[PDB]
Amino acid sequence: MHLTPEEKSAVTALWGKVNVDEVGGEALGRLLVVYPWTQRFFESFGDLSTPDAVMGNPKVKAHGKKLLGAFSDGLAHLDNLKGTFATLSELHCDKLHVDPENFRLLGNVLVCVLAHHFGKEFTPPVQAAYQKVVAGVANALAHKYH
Amino acid sequence: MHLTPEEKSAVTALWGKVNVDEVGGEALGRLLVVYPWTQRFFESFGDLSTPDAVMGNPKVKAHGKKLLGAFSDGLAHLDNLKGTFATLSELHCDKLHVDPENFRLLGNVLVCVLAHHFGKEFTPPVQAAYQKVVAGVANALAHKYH
Amino acid sequence: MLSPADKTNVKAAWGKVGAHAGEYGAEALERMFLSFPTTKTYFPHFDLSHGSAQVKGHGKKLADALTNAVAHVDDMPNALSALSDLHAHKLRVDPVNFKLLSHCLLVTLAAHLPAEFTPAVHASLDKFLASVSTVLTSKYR
Amino acid sequence: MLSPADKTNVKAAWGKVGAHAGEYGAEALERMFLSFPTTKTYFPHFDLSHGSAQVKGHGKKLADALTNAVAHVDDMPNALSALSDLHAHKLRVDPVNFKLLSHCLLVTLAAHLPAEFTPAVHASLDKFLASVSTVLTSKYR
Ligand code: HEM
Ligand code: HEM
Ligand code: HEM
Ligand code: HEM
Numbered sequence: 001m002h003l004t005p006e007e008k009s010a011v012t013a014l015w016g017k018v019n020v021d022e023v024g025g026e027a028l029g030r031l032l033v034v035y036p037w038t039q040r041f042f043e044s045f046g047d048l049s050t051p052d053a054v055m056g057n058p059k060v061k062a063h064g065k066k067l068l069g070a071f072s073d074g075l076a077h078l079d080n081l082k083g084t085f086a087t088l089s090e091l092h093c094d095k096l097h098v099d100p101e102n103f104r105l106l107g108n109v110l111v112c113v114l115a116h117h118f119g120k121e122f123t124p125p126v127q128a129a130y131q132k133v134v135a136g137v138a139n140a141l142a143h144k145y146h
Numbered sequence: 001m002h003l004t005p006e007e008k009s010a011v012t013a014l015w016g017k018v019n020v021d022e023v024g025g026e027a028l029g030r031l032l033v034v035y036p037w038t039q040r041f042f043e044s045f046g047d048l049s050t051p052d053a054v055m056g057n058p059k060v061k062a063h064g065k066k067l068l069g070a071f072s073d074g075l076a077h078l079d080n081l082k083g084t085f086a087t088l089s090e091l092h093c094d095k096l097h098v099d100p101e102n103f104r105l106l107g108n109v110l111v112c113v114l115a116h117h118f119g120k121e122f123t124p125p126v127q128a129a130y131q132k133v134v135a136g137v138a139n140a141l142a143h144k145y146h
Numbered sequence: 001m002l003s004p005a006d007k008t009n010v011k012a013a014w015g016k017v018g019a020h021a022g023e024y025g026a027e028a029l030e031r032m033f034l035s036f037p038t039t040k041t042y043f044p045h046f047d048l049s050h051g052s053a054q055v056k057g058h059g060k061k062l063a064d065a066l067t068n069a070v071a072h073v074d075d076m077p078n079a080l081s082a083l084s085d086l087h088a089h090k091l092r093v094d095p096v097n098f099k100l101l102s103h104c105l106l107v108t109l110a111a112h113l114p115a116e117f118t119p120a121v122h123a124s125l126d127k128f129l130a131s132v133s134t135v136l137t138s139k140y141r
Numbered sequence: 001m002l003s004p005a006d007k008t009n010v011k012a013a014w015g016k017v018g019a020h021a022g023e024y025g026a027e028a029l030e031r032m033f034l035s036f037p038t039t040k041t042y043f044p045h046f047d048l049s050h051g052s053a054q055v056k057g058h059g060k061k062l063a064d065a066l067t068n069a070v071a072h073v074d075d076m077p078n079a080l081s082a083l084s085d086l087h088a089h090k091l092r093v094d095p096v097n098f099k100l101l102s103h104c105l106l107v108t109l110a111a112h113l114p115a116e117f118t119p120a121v122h123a124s125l126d127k128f129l130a131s132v133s134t135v136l137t138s139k140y141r
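Protein chains in written order, with PDB author numbering: chain B, 1 to 146; chain D, 1 to 146; chain C, 1 to 141; chain A, 1 to 141.
Treat the hints with caution; some may be incorrect.
Pair ranges (Cβ atoms, derived) [said to hold, decoys possible]:
hint, chain 1, residue 1, chain 2, residue 2, range
1, C, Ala71, B, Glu121, 28 to 38 Å
2, D, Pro5, A, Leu86, 24 to 34 Å
3, D, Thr12, A, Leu91, 34 to 44 Å
4, C, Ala71, A, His72, 54 to 64 Å
5, C, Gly57, B, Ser9, 49 to 59 Å
6, C, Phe46, D, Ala53, 19 to 29 Å
7, A, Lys61, D, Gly119, 44 to 54 Å
8, A, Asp64, C, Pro95, 23 to 33 Å
9, A, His72, D, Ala13, 52 to 62 Å
10, A, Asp74, C, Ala71, 26 to 36 Å
11, A, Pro4, D, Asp21, 49 to 59 Å
12, B, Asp94, C, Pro95, 22 to 32 Å
13, A, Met1, B, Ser72, 32 to 42 Å
14, A, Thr8, D, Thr4, 48 to 58 Å
Source of the hints: derived by calculation from the structure; they are not laboratory data. Even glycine gets a Cβ: it sits at the ideal position worked out from N, Cα and C.
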């Protein structure tokens with residue numbers, strides 16, 4: 001991924017303030033609420049009948065912590081997203097059968113969650129930097145589809 | 001841009017039979033008919049009120065031949081589309097103000113035109129090779145946008 | 001959105017398709033799987049190889065639904081209501097994929113309808129498929 | 001497509017926005033120009049520097065239209081008839097850009113509405129913006 005020194009510092013500085021468990025649970029929850037077709041992979045998680053049921057589902061929170069943890073690790077390798085996520089890409093294509101459009105949806109929900117979480121500190125230039133990063137991550141997760 | 005030997009041989013063989021003049025005119029005209037908001041960049045071209053006006057319009061035919069000619073030369077540099085189209089990219093951004101979504105639309109119309117012209121010879125694998133190419137050319141044209 | 005001329009255009013073109021509708025539906029799917037490999041994520045339980053009876057079978061149902069949509073162009077929400085339910089609540093296909101299949105159906109018709117696929121008919125068919133796509137995703141949320 | 005509870009959610013949240021709607025409209029544009037630079041291709045005639053009167057002016061007109069839509073949520077096609085005309089016939093903005101502005105308006109609302117931007121209200125707001133976008137592009141062809 002190609003970001004300027006300014007963009008990278010802005011991403012890293014904000015991320016230091018993020019509770020990865022809390023934010024990951026929130027972002028996955030909102031994905032399944034706002035775009036409910038994304039629930040198709042998670043029937044084994046149990047009760048997704050209402051927004052509160054989604055947001056309070058412990059299996060949703062658990063998965064959310066797991067994927068944002070991998071994301072979080074990605075931020076340390078902004079210069080090699082493709083290589084960092086190569087094996088996850090294969091896994092999502094070949095075994096999980098996840099349409100990569102879902103990664104783009106999650107990216108946009110994540111940006112909304114950060115804005116909600118950080119309010120005025122999530123300035124337009126900081127948003128712009130995170131938009132590059134989530135498109136970068138979605139592209140890297142989609143890279144090995146065939 | 002990387003293709004398989006099968007994809008590259010599919011692309012270059014069919015392209016040898018294409019009259020850039022005739023096809024370029026049809027592709028631009030169908031773009032202007034099927035997605036009439038694209039007419040916003042051709043106000044000085046005159047009569048675009050009806051399909052038959054668009055398709056018989058000499059400036060459309062002329063402009064068609066010009067852009068598919070540039071497209072054509074790009075087919076000779078498939079390994080470096082970004083380098084090939086850099087100058088035209090900057091032009092389309094800074095002087096012409098063309099939303100790069102238009103490049104993708106033209107891509108898909110061009111594929112429809114090849115299918116219309118070549119019929120059964122435009123098989124599903126040949127289409128797949130061309131879809132890769134028109135996406136690569138579109139991305140190459142959008143590269144220097146800022 | 002569908003003008004009287006669009007409606008006339010679609011019936012004329014689809015009339016021309018006739019008994020081939022199923023064949024063309026299968027070809028459209030195959031073009032889609034090869035051109036846009038991500039769409040294959042929705043069919044992990046299929047044999048997608050060329051000539052697959054599963055693909056031929058699905059192509060026929062697709063074509064049949066389109067035939068029903070053309071015959072009910074003025075009341076498409078009702079005629080495709082169960083298909084709208086199925087896609088929204090069970091299959092849950094991301095709406096972006098509908099544009100990819102629509103494009104592939106357009107390419108298939110182009111390759112088989114030389115005389116009939118004029119610029120005017122092309123535009124009407126593209127509008128028709130967008131309308132069908134809209135109906136099929138109308139209950140997603 | 002907008003359920004009765006969606007309408008209630010949107011009305012409550014836009015109510016909260018209140019007199020800040022113009023400010024928020026200008027901010028959403030600024031976010032769009034920065035995050036999605038291709039959207040600047042539609043404003044080559046504007047000074048797009050931060051705080052520009054043209055941007056602030058356009059922000060207010062943007063907010064006014066959305067306020068109109070929220071006030072006539074049960075009759076948006078007729079309420080936004082003129083604006084639908086203007087985008088289809090004159091401005092002719094590619095439909096993909098409406099999703100980008102919608103995303104930036106959501107981010108703007110999230111950043112300003114901590115208490116109100118719950119998962120349900122987020123979903124209702126996203127649906128609302130798609131509906132507005134659908135109406136504004138409904139006469140394109
Ligand atoms: C940036 C976003 C994402 C990242 C970094 C990510 C990462 C991961 C990780 C680390 C795993 C575990 C792999 C293993 O067990 O070896 C996983 C599993 C999985 N992910 Fe993704 N993922 C992302 C997006 C998504 C999205 C949006 C969906 C679908 C809506 C999804 C669906 C799944 C599924 C279904 C599993 C398996 C669940 C299980 O077996 O418990 N992923 N993901
Ligand atoms: C494969 C994609 C394309 C290529 C290779 C291409 C190439 C070119 C070239 C070589 C020129 C001529 C410049 C000159 O002679 O000075 C040009 C100009 C132009 N192009 Fe593109 N073009 C493409 C797509 C498009 C599309 C889709 C649109 C907009 C719908 C567009 C709109 C224009 C405009 C407005 C001009 C200037 C016409 C004039 O001088 O009056 N281009 N293009
Ligand atoms: C014009 C749009 C579409 C039409 C008319 C359509 C219609 C249909 C029909 C008639 C069925 C079969 C219902 C039955 O079994 O009774 C079906 C099933 C299905 N559709 Fe759609 N479809 C459309 C688009 C799509 C797209 C874009 C995708 C995915 C890329 C998709 C994925 C599926 C899947 C996964 C099945 C189930 C196949 C099986 O296992 O039998 N559909 N569709
Ligand atoms: C929620 C979607 C939108 C709404 C409610 C909206 C509404 C408006 C309004 C109220 C006007 C001014 C009408 C007048 O005073 O005559 C306007 C103008 C304009 N809009 Fe839209 N807009 C939307 C999305 C977009 C998008 C996505 C773009 C471009 C990326 C865009 C580009 C323009 C342009 C270029 C103008 C003219 C500005 C000027 O020169 O004053 N609009 N819009």
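- Which hints, by number, does the structure contradict? 1, 2, 4 and 6
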